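For reference, the chain that follows is the form deposited in one PDB entry, supplied as structure tokens.
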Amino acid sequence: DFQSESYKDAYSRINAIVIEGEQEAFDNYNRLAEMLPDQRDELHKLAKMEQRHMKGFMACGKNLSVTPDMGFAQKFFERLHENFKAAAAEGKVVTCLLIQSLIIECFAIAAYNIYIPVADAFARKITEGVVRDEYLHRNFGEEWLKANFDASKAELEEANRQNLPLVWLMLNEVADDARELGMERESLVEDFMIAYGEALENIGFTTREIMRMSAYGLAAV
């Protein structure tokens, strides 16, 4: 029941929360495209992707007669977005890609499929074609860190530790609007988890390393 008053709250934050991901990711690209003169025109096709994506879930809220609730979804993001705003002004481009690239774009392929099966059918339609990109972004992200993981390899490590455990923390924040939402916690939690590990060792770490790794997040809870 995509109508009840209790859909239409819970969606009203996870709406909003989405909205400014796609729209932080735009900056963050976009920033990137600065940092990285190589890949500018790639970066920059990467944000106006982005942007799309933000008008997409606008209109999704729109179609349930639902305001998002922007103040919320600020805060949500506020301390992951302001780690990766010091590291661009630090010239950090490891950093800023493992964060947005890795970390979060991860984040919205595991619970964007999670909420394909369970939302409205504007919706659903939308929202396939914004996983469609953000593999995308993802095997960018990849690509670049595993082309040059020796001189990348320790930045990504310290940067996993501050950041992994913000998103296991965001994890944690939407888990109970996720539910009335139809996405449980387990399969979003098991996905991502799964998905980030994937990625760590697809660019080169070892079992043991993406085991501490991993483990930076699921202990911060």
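Residue numbers count along the first chain shown, from 1. For clarity, a rigid core is taken as the largest C-alpha set superposing within 1.5 Å between two forms. Compared with the form deposited in another entry:
- Core-superposed comparison between the two forms: among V118, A86, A121, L136, the single residue whose C-alpha moves by 2 Å or more is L136.
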Second form
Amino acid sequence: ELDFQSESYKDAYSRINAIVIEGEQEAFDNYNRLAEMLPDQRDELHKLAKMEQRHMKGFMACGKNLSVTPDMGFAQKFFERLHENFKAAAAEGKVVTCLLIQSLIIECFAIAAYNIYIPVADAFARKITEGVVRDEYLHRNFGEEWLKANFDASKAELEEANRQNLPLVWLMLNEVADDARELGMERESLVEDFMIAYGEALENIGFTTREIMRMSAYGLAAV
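With the form deposited in one PDB entry done, generate the form deposited in another entry in the same format.
A lone chain is what you will see next.
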């Protein structure tokens, strides 16, 4: 009983949908830079970027389906600080920090958003998103397997990158709140599903329960 036609919904949608398009666009780029920095896995590293471009096109289609023009300007600025950190990190061969930003933080944020979105999405959008989500399950998380295979060498930079970057996702959660509520996506649910995905991700890489509690609390304990 959400009105996908009303002006509130389309308005909030212009920004939310833009965020996802932009996030996919930057994932595409990011996974290309990662293809350079790790030329060795560039094959698998190139397949993911392409996959996100597909996903990006899908969400664009979700936009026209609702006859909504996505505010791509607002979306660019939503990702800017994290995009800056990724760029700077990338410049300096800091591949661990790049993977944490893209493979862990960005992709946990998206998986959380997609699952909250589905049960309240319109028919077309729900289909695309179910597809996107399936694609994410049925492919290895590259950066996560890498970081895991390389944990001891990467542990310290990860903790640092987590301190530099986790708070920015926290800002993004607060910024996206109003509009997401309009779409029927509860803010509490998003924070919850994010932490669950991120915490599990940090476990898989090699962090202990105590380390995971410490690292997860870095955004919210400042708030």
